[PDB]
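Using the sequences and the accompanying hints, generate a full structural model.
Number of protein chains: 4
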Amino acid sequence: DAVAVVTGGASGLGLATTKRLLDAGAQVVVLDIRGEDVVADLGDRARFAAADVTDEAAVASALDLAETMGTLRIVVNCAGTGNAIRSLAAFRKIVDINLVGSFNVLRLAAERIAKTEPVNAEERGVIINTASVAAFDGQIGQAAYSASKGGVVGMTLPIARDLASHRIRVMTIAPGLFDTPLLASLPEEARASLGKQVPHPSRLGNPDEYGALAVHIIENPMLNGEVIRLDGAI
Amino acid sequence: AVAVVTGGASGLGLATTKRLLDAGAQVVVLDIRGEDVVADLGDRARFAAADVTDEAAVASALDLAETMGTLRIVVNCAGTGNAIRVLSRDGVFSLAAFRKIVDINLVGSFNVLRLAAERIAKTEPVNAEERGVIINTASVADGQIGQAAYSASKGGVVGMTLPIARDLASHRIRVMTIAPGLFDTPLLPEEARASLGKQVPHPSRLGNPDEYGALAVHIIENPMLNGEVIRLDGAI
Amino acid sequence: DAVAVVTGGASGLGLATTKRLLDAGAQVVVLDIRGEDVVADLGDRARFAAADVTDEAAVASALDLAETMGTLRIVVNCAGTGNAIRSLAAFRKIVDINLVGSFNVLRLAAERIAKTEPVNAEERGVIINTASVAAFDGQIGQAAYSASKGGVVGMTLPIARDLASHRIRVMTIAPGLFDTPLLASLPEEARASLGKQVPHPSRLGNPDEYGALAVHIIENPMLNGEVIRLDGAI
Amino acid sequence: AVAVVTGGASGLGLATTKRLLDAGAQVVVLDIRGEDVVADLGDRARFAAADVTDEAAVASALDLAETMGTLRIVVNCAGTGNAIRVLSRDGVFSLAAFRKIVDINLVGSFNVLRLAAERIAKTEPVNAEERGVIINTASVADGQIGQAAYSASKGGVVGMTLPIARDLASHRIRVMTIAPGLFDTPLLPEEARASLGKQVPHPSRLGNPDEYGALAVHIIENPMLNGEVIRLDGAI
Ligand code: NA
Ligand code: NA
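Protein chains in written order, with PDB author numbering: chain B, 5 to 90, 99 to 131, 134 to 248; chain A, 6 to 131, 134 to 148, 151 to 197, 201 to 248; chain B', 5 to 90, 99 to 131, 134 to 248; chain A', 6 to 131, 134 to 148, 151 to 197, 201 to 248. A prime marks a further copy of an entry chain.
Incorrect hints may appear among the rest.
25 angstroms max Cα-Cα, derived SDA-like pairs, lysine to any residue [unchecked claim]:
no., chain 1, residue 1, chain 2, residue 2
1, B, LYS210, A', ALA135
2, B, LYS210, B', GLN153
3, B', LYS105, A', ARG104
4, A, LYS210, B', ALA178
5, B, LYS105, A, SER93
6, B', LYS210, A, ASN134
7, B, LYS210, B', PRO213
8, B', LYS105, A', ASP176
9, A, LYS210, A, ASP222
10, B', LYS210, B, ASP151
11, B, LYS105, A, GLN156
12, A', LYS23, A', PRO195
13, A', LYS210, A', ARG90
14, A, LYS127, B', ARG217
Keep in mind the hints are simulated off the structure, nothing from the lab.
So, in structure tokens, the structure goes:
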């Protein structure tokens, strides 16, 4: 194929990853809840599947679309929720989207990737998660972001070990402060101030830097069961 | 001093409750059942029926605690107790099961902590250094989806520990987590329980719930333990 | 016996641990490079062995003293070096004392403890390490303290697993900022300022709090292969 | 741009050197031998004989690098290369052996980093964001004392990574660590090498030194990677 599914692929980290994957020659299904126009503009090697990652039936239909395009081998979980702004229902929503959704997509995708022929015939595929944190202290919902981050981190090695016999690697990127629309509710000088708190480089991460790491992980067969912090040492 | 122990009517929570009662705390046992168990514990223990994800029911358990005395201690053992029995009894083989397990562990622990902290923050300190202490339990360990639900739940509880400790520091409430390995609780045949014990390096046996309770009391009694996860697992 | 060996036992964390152990009914060999007077004052259930922990022959002779007193079952590595003050030789000295010394004492003690009868006949003994950090940023020798800390942390689980068949637990305490003579070169208000940086409790740790944890570890059979941070969330 | 690769004449260091040469860097190979290897690498590689714990010899390797161009990159692979061959060839069964292994890993890496950083801090930045990047290797894995020396060495290198990254941030020098698992280097019979490969979950084979080199180059090329340890080990 090779086909990738990128959740949250129509913006931020997901979009940057989608573009890097297209550049690398893969086809991509953008699994997201909006941004059909953005994905249309990328051309017909990227396709849009409308799906909430917490909805099993919706995810399954997006994987079906990927299968029509070629051989499914790659997943990148970049779906997130909640703008950074200065409720048990709110806690639950963040955990459901960032943690449960990532598991849903990982498990359903793994089932299909496991059925493919390996490509020296060593690998069937690679699943990459995103472990996301709160942007700042006293950020609303910090405990939920820390919980869903910890959950994604915690499942990385155990799932890698369970999928080893299927030749599917499982990795996680833990980004720091990145320039995405999730920061767009803060005023500009606030975002600039956040960037300057990062030790080095003292700025916001560019989503392309996340996308570049994701591609490196896909291209490096020895990276498995690991979390990689991508955060300027913050 | 009053404690609330969730999952307090069995296993780790019961062992904790007993240690707390012997140390002079009164205890509200917050659980889905166990009225007889709590009756057998005598006059310094009271029972509150509650699902840890139910805000009103947890609030009422806290109200009960504050009727008995000054609420200073919470130990969240619901993730290992009666509450996960059904969520696990017939196995964990679906995305819906994974979700329910994550819910009780992450949402349940967050609900109990957030509501308890609100009450404890309003108490007077006891060198007038401490208002209280909240201890979480990072899920006890079934198959692959079961392994994932455990590992995600454990991870999430771990992940919240330091950030919440930091948030509550100005309120003089410590936040700690115990991450137990294989323990001998009603949750678990003798041969099958024997095999589990053998994969623990040393001691090569199931943990005694009293060993969990002893650590919980030590955490309570050691002012410098904050924002940390303590694995209690025989190096497994 | 039971006999404990506490390295650095004549001051700070080590002394507080020695006193807690005596109170708990153990006999103690204080393995240290000075403080014979302090140990004399504790009475004849504490004995002094003059030894540098980097010197194998010296350590062995201290273990010999412990054996004459009773059955050796407990080791607490609290020997440290260098006052906190605001050189490759200096880097090497910190690593040699804090990391190599701890390994030296652990390995030599383990050999003897392994030969004892277990005491329901589950345990032969317990070895506790101290993983110490720099007190503040820009502290001279910070990289060496971080290296020797990381080294002690890194060896904890692997050594616990290798000693499991001998029924010897191996644990590590990672203290934060404690009121010991290692801070005595900083002026008082500087130490007070450091204490206030600790989130909660916002003060310097009391060495007795370390000693209490060490005793709890000894008394809790399920604690093995783990590092416990004791640091007020700093 | 000039790089210094310690242990650069074999294994992980050689694979890194080759990747760097293909990416357009000149490379000083700092090693205890390998003049012929470096000659075969051609005119953009030069050889400096040095023990990584020898301040004068490392200083001279740095002098050589700065003669060739602007020093921006250091990759410390000496802990996995020619330098540990003898320290390990006849086994690790003494406290003196443990010490020597810790020395080369912790002291060696600190010596190279501290001296390299002093030079790199004085260069002009290249959006004028970066002066340079230093990458450490957290020991490759023999028996119990061997296991302890490995684990302590790895731990120490890991432990220094973030604090040093923080210290060097104002100088625009990133500090990263790669923690490799079982790799196929000259250090390692086919059957015995086969058995080692099988205990890696996936890929269930020894790592190819080129996979280490590819990660090192990615770290160099990704401005946001700082203060972090990356395990490269097939989930072992
Ligand atoms: Na811990
Ligand atoms: Na990592």
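Each hint, compared with the structure:
{"no.": "1", "hint": "B:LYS210 / A':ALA135", "in the structure": "holds, 16 angstroms"}
{"no.": "2", "hint": "B:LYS210 / B':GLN153", "in the structure": "holds, 24 angstroms"}
{"no.": "3", "hint": "B':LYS105 / A':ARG104", "in the structure": "holds, 12 angstroms"}
{"no.": "4", "hint": "A:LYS210 / B':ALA178", "in the structure": "holds, 12 angstroms"}
{"no.": "5", "hint": "B:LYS105 / A:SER93", "in the structure": "holds, 23 angstroms"}
{"no.": "6", "hint": "B':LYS210 / A:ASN134", "in the structure": "holds, 15 angstroms"}
{"no.": "7", "hint": "B:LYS210 / B':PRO213", "in the structure": "holds, 24 angstroms"}
{"no.": "8", "hint": "B':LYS105 / A':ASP176", "in the structure": "holds, 21 angstroms"}
{"no.": "9", "hint": "A:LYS210 / A:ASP222", "in the structure": "holds, 20 angstroms"}
{"no.": "10", "hint": "B':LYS210 / B:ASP151", "in the structure": "holds, 19 angstroms"}
{"no.": "11", "hint": "B:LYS105 / A:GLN156", "in the structure": "holds, 23 angstroms"}
{"no.": "12", "hint": "A':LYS23 / A':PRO195", "in the structure": "holds, 16 angstroms"}
{"no.": "13", "hint": "A':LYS210 / A':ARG90", "in the structure": "holds, 24 angstroms"}
{"no.": "14", "hint": "A:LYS127 / B':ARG217", "in the structure": "holds, 22 angstroms"}
When each numbered hint is compared with the structure, no violation occurs for any of them.
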